[PDB]
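Colleague: Keeping the supplied structure of chain H fixed, place chains J, B, G and I upon it in accordance with the hints.
Okay, here's what each chain looks like letter by letter:
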Amino acid sequence: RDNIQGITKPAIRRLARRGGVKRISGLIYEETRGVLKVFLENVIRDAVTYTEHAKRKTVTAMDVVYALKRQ
Amino acid sequence: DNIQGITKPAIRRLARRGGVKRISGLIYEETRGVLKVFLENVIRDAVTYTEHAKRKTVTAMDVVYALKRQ
Amino acid sequence: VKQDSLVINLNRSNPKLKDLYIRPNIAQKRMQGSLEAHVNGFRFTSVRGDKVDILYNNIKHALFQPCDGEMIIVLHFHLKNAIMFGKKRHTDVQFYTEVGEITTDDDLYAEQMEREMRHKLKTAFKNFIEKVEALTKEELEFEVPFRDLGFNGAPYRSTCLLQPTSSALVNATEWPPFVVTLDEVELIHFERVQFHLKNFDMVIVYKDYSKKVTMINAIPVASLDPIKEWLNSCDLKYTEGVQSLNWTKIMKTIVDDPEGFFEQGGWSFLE
Amino acid sequence: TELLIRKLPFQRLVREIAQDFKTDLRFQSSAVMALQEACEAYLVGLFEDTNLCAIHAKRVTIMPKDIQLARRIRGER
Amino acid sequence: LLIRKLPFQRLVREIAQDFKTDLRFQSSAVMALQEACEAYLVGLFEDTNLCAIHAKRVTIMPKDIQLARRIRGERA
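Chains as they are written, first to last, in the entry's author numbering: chain H, 23 to 93; chain J, 24 to 93; chain B, 646 to 750, 761 to 926; chain G, 58 to 134; chain I, 60 to 135.
The following block holds chain H by itself, in its conformation from the complex:
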């Protein structure tokens, strides 16, 4: 599976625009894609850790926010 390819160039442009970026090099989409996958992986990894510490199979929004405090 490559679903990091599904997060879209226009999406990245949009996000960029909000960060106040005026102009963008071509390699930004792969970098951004990778940067995101790393970040996402950290939070999900940390998050499931709270989920099995409570002995659950289901990730609550609670798991996710506690994990973000670690980041």
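Take the hints with a grain of salt, since some may be wrong.
What the hints assert, rightly or not - Residues on chain J that point at chain I, a partial pick, calculated with CB under 7 Å:
| id | residue |
| --- | --- |
| 1 | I26 |
| 2 | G28 |
| 3 | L37 |
| 4 | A38 |
| 5 | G41 |
| 6 | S47 |
| 7 | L49 |
| 8 | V81 |
| 9 | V86 |
Stated by the list, open to error - Partial chain H-side listing against chain B, Cβ under 10 Å, derived:
| id | residue |
| --- | --- |
| 10 | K44 |
| 11 | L49 |
| 12 | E52 |
Don't read these hints as lab results, they were simulated from the structure. By construction, the Cβ of each residue, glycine as well, lies at the ideal position given by its N, Cα and C atoms.
Modeller: Same frame as chain H, but now just chains J, B, G and I:
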């Protein structure tokens, strides 16, 4: 005095250990100012731990906590 | 050092490559041109008539930088002897083509265009390379860097990506380029290696003690171990220290008394 | 609240990363939305640091060099 | 280890006059604050240095510190 806790050579030594090859003359006051801000925030955060407990004397332990808030 | 004369032949076999810029330049304008492989050398045909020759027996290292992860594709030549064109003498001559573009603030069909040029360019380059290697009887070879062994550092006061090849430590995508022949290295010594430091400098000392040490600055600690592992696979010894050392003074001391330096136990002072 | 990323592809990304873990895992919609709200916030803030960097280099267009610098100072990997 | 202790505490006390306002610092703690600072400035300089490099400059300037601190989230 005119030095706020840091002498020009100590600044150079510090920057040297950071990978700094060269120093604009303007750096000493920039470093000094920036250090006063960091030091205050940590002292400020520390004594609050000291008066959460009741003590008028700040200990090393009051400092370790001030730092885990940053 | 004077060169030999380019031997050019008129015939069916003339591997050529179009759309190539030449670093460094012949003016303050970028001279585009074409590169041609003749019997004993390389001819570069510029649009403006400016022509530069490079001899296969003058090539010290021949590098091919593909376009993967990059905005360009490069042929790099590290020369045994500096050759003169323009004002200065140049040990490093390279040829590139740009593959990428700049958006201002979803186009799909145009992305097929993208990968196809990237595919053309790098097929163009491989097919040319495969010829030239064959014309010399594999006696001249293009070394392609190992990107898995890469690391970021600041030799030149920019942060670039340095990559090992078989014979060299290399960056061909930034000008001035960075080329270091591994066989010529005495040892590596890492400086500012200590806990709570996110960056260390790496010092390259040459077998030829007259040559000033080459620094690679502000490399992330995470890369310290991968690098060491590579250094061993090269039989390049290394050492560590917290303090930054004065190498022009150390090299001065050694070159001025190469004998008594090795009476102290030599490089052991690095521990 | 704004959500510049389309929800569906973001979800696939979360469920892909959900393998390589407890192989049976489910996510609450609120948990996926939290992740999404977090990610877009991280990217925007990162793009601000990035743009500062390009300015520092006297450039208007951001390049991976800018991102990498920014992420390096921040302490990311 | 990297800074002189004496002028550093002259700064600690000069700061101490703004808080309780009667305060006296345990000697171990003055030492722990110096240790904390040295580390802070070194790591700051590491980030500063990277910024100078980004700008193709050997020398670091207050431009550089300011950028590092901005990205670190210290002063906007």
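Colleague: For the restraint on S47/J, tell me whether the closest CB of chain I is nearer than 7 Å.
Modeller: Holds: closest Cβ of chain I sits about 4 Å from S47/J, inside 7 Å.
Colleague: Taking 10 Å as the limit, does the beta-carbon of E52/H come near enough to a beta-carbon in chain B?
Modeller: The hint holds - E52/H has a Cβ within 10 Å of chain B, the shortest such distance being about 8 Å.
Colleague: If you take the shortest Cβ to Cβ gap from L37/J to chain I, is it below 7 Å?
Modeller: At about 5 Å, which falls below the 7 Å cut-off, the nearest Cβ of chain I leaves the hint on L37/J intact, so it holds.
Colleague: With a cut-off of 7 Å on the beta carbons, see whether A38/J makes it to chain I.
Modeller: Holds, because the Cβ-Cβ distance from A38/J to chain I comes to roughly 5 Å (cut-off 7 Å).
Colleague: Is the interface hint satisfied for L49/H? The criterion is a beta-carbon contact with chain B at less than 10 Å.
Modeller: OK, holds: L49/H within 10 Å of chain B, min 7 Å.
Colleague: For the hint on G28/J, does the least C-beta distance to chain I fall short of 7 Å?
Modeller: 3 Å, holds
Colleague: Go through the hint on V81/J and say holds or violated, using the shortest Cβ distance to chain I against 7 Å.
Modeller: At 5 Å from the nearest chain I Cβ, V81/J passes the 7 Å test, so the hint holds.
Colleague: Would the hint on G41/J stand, with a C-beta cut-off of 7 Å toward chain I?
Modeller: 3 Å, holds
Colleague: Using Cβ atoms only, decide whether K44/H comes closer than 10 Å to chain B, and label the hint accordingly.
Modeller: Cβ of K44/H sits 6 Å from chain B, so the hint holds.
Colleague: Min Cβ distance, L49/J to chain I: is it shorter than 7 Å?
Modeller: At 5 Å from the nearest chain I Cβ, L49/J passes the 7 Å test, so the hint holds.
Colleague: Checking hints one by one. Is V86/J an interface residue toward chain I, by the C-beta closer than 7 Å rule?
Modeller: 4 Å, holds
Colleague: Quick check on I26/J please, does its C-beta sit within 7 Å of some C-beta on chain I?
Modeller: 6 Å, holds
Hint compliance for this structure: no hint is broken.
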